[PDB]
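**Q** Given chain A, work out where chain B should sit, using these hints.
Chain by chain, the residues:
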Amino acid sequence: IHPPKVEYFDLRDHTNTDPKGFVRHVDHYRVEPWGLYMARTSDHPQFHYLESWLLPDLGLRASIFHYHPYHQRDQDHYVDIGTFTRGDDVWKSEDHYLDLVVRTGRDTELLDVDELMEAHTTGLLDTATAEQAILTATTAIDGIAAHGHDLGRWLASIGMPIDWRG
Amino acid sequence: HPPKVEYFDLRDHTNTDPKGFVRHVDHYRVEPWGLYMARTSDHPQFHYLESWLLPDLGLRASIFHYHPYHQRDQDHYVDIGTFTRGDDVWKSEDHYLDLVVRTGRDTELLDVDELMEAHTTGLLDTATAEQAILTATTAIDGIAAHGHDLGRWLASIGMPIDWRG
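If you read the sequences in order, they're chains A and B. Residue 72 in our numbering sits at position 72 of the first sequence, and the numbers go up by one each step. Residue 1068 in our numbering sits at position 68 of the second sequence, and the numbers go up by one each step.
Since the hints were derived computationally from the structure, they do not count as laboratory data. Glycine residues also receive a C-beta, built at the ideal position from the N, C-alpha and C atoms.
Computed footprint of chain B on chain A, listed as stretches where at least three residues anywhere in the stretch have a Cβ under 8 Å from a Cβ of chain B:
(1) 108-119
(2) 126-139
Derived, one-sided and incomplete: chain B residues facing chain A with beta-carbon distance under 7 Å:
(3) 1109
(4) 1112
(5) 1113
(6) 1116
(7) 1120
(8) 1126
(9) 1129
(10) 1130
(11) 1137
(12) 1140
(13) 1141
(14) 1144
(15) 1145
This is chain A alone, in the form it adopts within the complex:
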């Protein structure tokens, strides 16, 4: 459909440029050897606050959406699959269509496989990248499932503990 969404995360001026080039100010960035945490406001009609962890070595970006009242979605964690790249001052995300919805202690659901398929057939990403997207997803699905369908527990078990403001 659309080519892969790309965002940048500038630690120097505390901004996040979104996939449409829109610049958002960030409340807070925190770097660990294994990832980048971002906490910022959102002007989205469904949610008013966003936290994310970019996990370069796993090809994952986990997010929590702080939904408006009466708008809570039935997920504990949302995970985009792609390439997430460290920079000493600017980090980068490229979204490869797939995403996971995790309900802690219950299940994980892989979404948007159809989009990956159509991006691949129309040449918006190559076969290596599409294959890698599927493998990044399955690695995560496997680790999550092996740890009580708990994303945080899987991550902590491999020394990439993530934490949230909630």
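**A** Below, chain B alone, put in the same frame as chain A:
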């Protein structure tokens, strides 16, 4: 190659392989959740094999009985595809992806590249490619949640498999 098709002829006690080779079958057993087959092989590595076709999961699970100088662990080899029941003849259509389960250790997903090249060249549609991926992830999730043990996952969902031993 176009998706591999096989037949499992319960009345002839044949499996007709993807080439149209008829291989004699020693035993077929039908269950509501699947078909068990035990048969000889002329493969360079193994001389016997057992499989279960699981139509409702889109999986076929196999183990091999290796030649004496060719022995490996009994890992489970899982092919992903569409498995069709019949009164007299079941059939499989292979959708390229496959898993190797090393029981109690891990699961490896193979041949994703083959699926990608079949989809892009029109040998199967997006719906079917999508179905193959979702069969594979459903299985990886269930296996991982049961100590990387295919049999334990399958038993837990009411589709127990059993081998001869």
